[PDB]
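Written below as structure tokens is the structure these notes are about.
For subunit A:
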Amino acid sequence: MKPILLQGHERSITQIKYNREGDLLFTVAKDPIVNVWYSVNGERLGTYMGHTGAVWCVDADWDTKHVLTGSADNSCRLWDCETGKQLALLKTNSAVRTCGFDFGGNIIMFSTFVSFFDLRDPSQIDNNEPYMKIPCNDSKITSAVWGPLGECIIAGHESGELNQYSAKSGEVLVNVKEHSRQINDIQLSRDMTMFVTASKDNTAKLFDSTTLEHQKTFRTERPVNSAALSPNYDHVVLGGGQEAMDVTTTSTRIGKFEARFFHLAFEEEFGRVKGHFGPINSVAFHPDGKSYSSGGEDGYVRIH
Partner candidate 1 sequence: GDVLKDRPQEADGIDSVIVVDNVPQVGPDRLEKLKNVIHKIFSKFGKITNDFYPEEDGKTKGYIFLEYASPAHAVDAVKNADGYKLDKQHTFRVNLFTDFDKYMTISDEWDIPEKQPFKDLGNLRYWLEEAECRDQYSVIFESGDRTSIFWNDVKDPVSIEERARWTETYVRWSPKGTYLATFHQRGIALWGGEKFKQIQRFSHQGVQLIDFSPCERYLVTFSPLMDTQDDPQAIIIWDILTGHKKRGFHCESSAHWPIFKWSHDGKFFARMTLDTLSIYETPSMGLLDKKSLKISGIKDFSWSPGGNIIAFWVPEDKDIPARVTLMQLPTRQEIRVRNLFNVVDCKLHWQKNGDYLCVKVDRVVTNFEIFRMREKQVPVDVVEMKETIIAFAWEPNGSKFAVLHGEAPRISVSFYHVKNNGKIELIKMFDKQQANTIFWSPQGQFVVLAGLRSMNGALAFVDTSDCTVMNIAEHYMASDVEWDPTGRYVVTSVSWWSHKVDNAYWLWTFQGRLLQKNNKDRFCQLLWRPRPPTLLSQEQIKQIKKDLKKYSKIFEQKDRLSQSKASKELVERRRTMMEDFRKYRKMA
Partner candidate 2 sequence: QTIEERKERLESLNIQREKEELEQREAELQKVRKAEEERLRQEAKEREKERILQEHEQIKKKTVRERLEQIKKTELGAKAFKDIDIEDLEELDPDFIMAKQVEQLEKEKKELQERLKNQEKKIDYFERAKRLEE
């Protein structure tokens, strides 16, 4: 197949997630305009522009209806998909860095602290504020997201740490030194019952969420920032633009960022497809098992 890459942004794409039906992919980006694209054929429906700073994250709900962006502009934004009009505006005190929905839509995660946000749809309110904050404990949480039905939260951290959250007590459990660098993105599995964390420390991992034992490492010779689990197919994606394991990393004119095909359980790389023009910043997979996604420093999402 043909991958349609849309490069409608002049600054870095920041997070990708596919929706449940997957005809839409939701993306927020380092340029103040987030964007919503039809994933089926790559036509861009529109852009989400009510933010005034880099929007770090987006995730699309279980209904595939609305997309939201969170930003460093001191705001959190919920967006109308038909016209891109800001209908309400909420201020935030910090950048929201990673997003991932609870399975029921009644709860939402936010990465600040580790924030927990309730959505009480019965009350006609998308809350301006998070419903809970888990404050930091010796480090800083770069990325965080809510597992299935809000049961556990899996966070990857700037210090190479992993964190674990107890939904019934609302707090963080423990970390271990593993990696040497910042976590750039985090996206949940398709059923959200287990999760993988990612970091820019040149290691990628497949991890159990439930035990916190290091279960698996997925190898590329490049730091991977984002992966998503595809419905209809058992896959892992490994990602870099610049090789990321040398100083003075350099690119070719062609665009050396390549889509990499991996086994989710068994971990091996079996081939590559080039085409993206930056480090992978974001990844989403189609609900039909038909696509994978790369987020570039050029701002594009490519669905393949």
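The definition used in the following text is that a residue touches a chain if its C-beta (ideal position, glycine included) is under 8 Å from a C-beta of that chain, and two chains touch if they have at least 3 such contacts; residues count from 1.
How were these candidates chosen? In short, all candidates are chains of the complex that A comes from, given by their letters.
Asks: Going by the contact definition at the top, pick out the neighbour of subunit A in this complex from 1 or 2.
Replies: Candidate 1 is the one in contact with subunit A.
Asks: Within their complex, state which residues of subunit A touch candidate 1.
Replies: 234-235, 261-271
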